[PDB]
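The chain below stands alone and is given in structure tokens; this is the form deposited without the named molecule.
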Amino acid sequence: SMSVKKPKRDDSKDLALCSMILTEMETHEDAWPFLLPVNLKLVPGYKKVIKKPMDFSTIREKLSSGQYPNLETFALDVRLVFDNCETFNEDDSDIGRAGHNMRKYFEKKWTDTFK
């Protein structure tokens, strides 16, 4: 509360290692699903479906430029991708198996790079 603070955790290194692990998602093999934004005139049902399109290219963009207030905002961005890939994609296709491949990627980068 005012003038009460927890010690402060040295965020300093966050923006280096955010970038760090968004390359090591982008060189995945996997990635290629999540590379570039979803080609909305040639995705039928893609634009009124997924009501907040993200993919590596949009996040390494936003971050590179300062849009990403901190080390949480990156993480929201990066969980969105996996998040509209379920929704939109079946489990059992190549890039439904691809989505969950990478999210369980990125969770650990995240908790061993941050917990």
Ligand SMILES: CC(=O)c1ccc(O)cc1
Given for the second form:
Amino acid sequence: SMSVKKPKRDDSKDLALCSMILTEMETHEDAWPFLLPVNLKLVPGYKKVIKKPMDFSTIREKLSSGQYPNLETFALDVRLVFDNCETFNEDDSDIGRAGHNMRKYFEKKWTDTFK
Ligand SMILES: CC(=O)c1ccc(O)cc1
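If the structure you just shared is the form deposited without the named molecule, then what does the corresponding form deposited with the named molecule bound look like?
Now the full complex is given, and it begins with the chain already shown.
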């Protein structure tokens, strides 16, 4: 509260660490469904069903241009990619499995790096 400060985590390396994790995700062999925005004019149903589209190249642009206030907002966008994927794809489709694999990969890196 006012003039009563909680001890705060050192956040000075967060930008660099999130960039490193994003690089690891960008180069994973199962990243291919997520590298670019879904083409809303070629993919039936996507525009209407998925209210907040997100993809790795959009996350990279936002990280490079100071649009994440903190590391939690970055993780929210990464998780949005995989949440969208589950909404639109069967668990045992190629894209569906790819999403489950990539979420598992991300969450371990996140835990190992920050938690
Ligand atoms: C990411 C995703 O759900 C998706 C769906 C259909 C595509 O043709 C490409 C990507």
